[PDB]
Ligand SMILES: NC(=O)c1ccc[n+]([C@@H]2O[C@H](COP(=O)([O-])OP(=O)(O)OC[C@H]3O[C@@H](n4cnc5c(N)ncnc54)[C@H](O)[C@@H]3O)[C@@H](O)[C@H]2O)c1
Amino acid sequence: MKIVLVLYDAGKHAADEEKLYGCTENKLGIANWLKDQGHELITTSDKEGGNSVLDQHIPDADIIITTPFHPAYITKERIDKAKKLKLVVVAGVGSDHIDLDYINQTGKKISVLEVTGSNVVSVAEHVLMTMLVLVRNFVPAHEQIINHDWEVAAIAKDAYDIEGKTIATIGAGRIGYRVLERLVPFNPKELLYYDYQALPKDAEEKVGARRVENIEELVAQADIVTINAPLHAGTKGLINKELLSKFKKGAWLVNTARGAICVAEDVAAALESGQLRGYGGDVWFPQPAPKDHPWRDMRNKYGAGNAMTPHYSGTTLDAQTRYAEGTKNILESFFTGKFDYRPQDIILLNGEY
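Please give only the structure of this chain, in the form solved without the named molecule.
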């Protein structure tokens, strides 16, 4: 079979770190395994334009492997020309870039699977780190040192302990709950959550969480808000100026789910005006963020309150090992004809939900 694998070029960075599996130069660490079975692997990062390498091999590709960190868009046109396509794998979590609805609508026997759960711990750690960095005012603290200054009172005037604060998550799924687990020993005043379905009673009691019924009430009483909910019609532009004015004055806000859940200019305005004390996360809209994206230069009144990073929380070396191993398990189930997929990994089974 012909496998096409779309990843980013890591350049010289690939050669320093051989554990960096998710690049074109290291090919998820499965290139030899695919060769041993007897299979043709096409690896490329060129995914844009009609004449791209990806489009030259789509007509006869049996399998396409993509990643959310260099996402090849599987469009209606591309699916039309994919005569032999049987399986699409996301080496990671996230299928925004796949036209799932059209595949289902045409009747083609195409399976779409992802490595469910490979990213949850990585992202949840990123949230807590981001929380601590913002609350404890770490960014200006470190900037002082490498600028060769020493002025504690400039740092301490906006520095707080995370102990004794009310922390709220919008969304209590895999990521949001594991965030709540890690906050317990820090002794928050209260842990709150809002979601479209209740946490199981036993899960709720393990973390001492309280469910709030509507979002305006949740953010009104929370010192810290973290966004851990999927992007659909209900959450698109959810964080706009009207809701932000309902936030506790001087709150902290973390978002690692999807940049489009926020209105970029409203968040920046709130940080400048003081409605927010800090904003941090690793998701942007548009993504990758242009040089002019307002979230790059936004700062609270003190020149701080920005804990932004590129989209890498889920591409740590430990997560990549899980992506590579999960992709191998998925291909194994498909090559052998067993189709013994993990149920949580199936997005579409032969064109069906």
Contents of the next structure:
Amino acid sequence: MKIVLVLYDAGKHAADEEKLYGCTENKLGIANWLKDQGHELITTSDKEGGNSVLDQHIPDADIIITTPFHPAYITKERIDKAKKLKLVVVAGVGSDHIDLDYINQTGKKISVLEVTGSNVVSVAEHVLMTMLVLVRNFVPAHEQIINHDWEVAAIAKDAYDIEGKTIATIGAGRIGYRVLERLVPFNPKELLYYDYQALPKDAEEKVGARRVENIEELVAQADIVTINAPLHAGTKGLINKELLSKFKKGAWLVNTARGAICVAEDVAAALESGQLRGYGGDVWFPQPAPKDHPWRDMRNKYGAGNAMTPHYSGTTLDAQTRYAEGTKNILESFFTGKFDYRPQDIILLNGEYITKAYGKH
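Since the one above is the form solved without the named molecule, can you give the form deposited with the named molecule bound too?
Nothing else is written out below except the one chain.
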């Protein structure tokens, strides 16, 4: 089989860390196995433009392996040219960079598999971190120190404790639930969630969560909102000017899910006007984020409220080994002709939606 593997380039950083499996230099650490199995592997980070290495190889690729941190956008146009394509794998979690609805509506026999659970703890940690960084006003505090300044009041004037705050998650799946679990000992006033899938009652009770039926009612009462749903037609552009106007004034918003769940300029405008006190997370649309993407320079009225990073929360060194192994397992399920995929890894099975988390079908 011919396999095209699209990952980020480590460049000079490859020499610093041998455990960096998720880059083009290291090929998920599965290149020996793919070679021994008799497959042809094309590895590249060159994923944009008409004569990109990706596009050169799409027409006879049997399998494309992608990673959300440097996502090959497998568009309708690319799918139409991909005459041998049978499987797209996501080394990570989240398959929205592939035009899933096009595959499904046309009934094309392409499976889409991701390594469910592989980095959900990593991201839940990152959400907790980002909440704390925003609420406690850490970014300008650290900036003060490295700029050789000292003025406690400049930081304290917009620093709070997370204790006693009302916190809402949009999506209460693997990541959203783990976020709620980690918040319990911080003594929030209340933990809320919105999801068309109810939590099991035992799970709900374990974290003291209350389900809110509609998203406007959810955000209106939350001091902190975190987004933990996949990107699909039902969540694309969900966080826009109108919905932001229904947030509690001065709320903090965390989004480690997908950038395009928000309308980028609407979030920036809300931060600058004070409707949000802070926004942070690691995900952007598109990726790599352009130099003029509004989320880079946006700030609140105090020059703070921005805890943006590149997309890396799900590609910590601990997460990388897990999604690398999961990727190998999915590939083996395909190669053996067993197709004995873990049920939870299956987004599309030969064009059919198996997941329930990407909207109702």
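So that the term is clear: the rigid core is the largest set of C-alpha atoms that superpose within 1.5 Å between two forms. Residue numbers count along the first chain shown, from 1.
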Motion between the two forms between rigid parts - which of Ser118, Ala270, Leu134, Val89 is the hinge: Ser118
Rigid-body rotation angle between the two forms, smaller part relative to larger (whole degrees): 13
Core-aligned Cα shift of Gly107 between the two forms, given in Å: 8.7
Per-residue Cα shift, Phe285, between the two forms [Å; core superposed]: 0.8
For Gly38, CA displacement between the two forms after the core is overlaid, in Å: 6.5
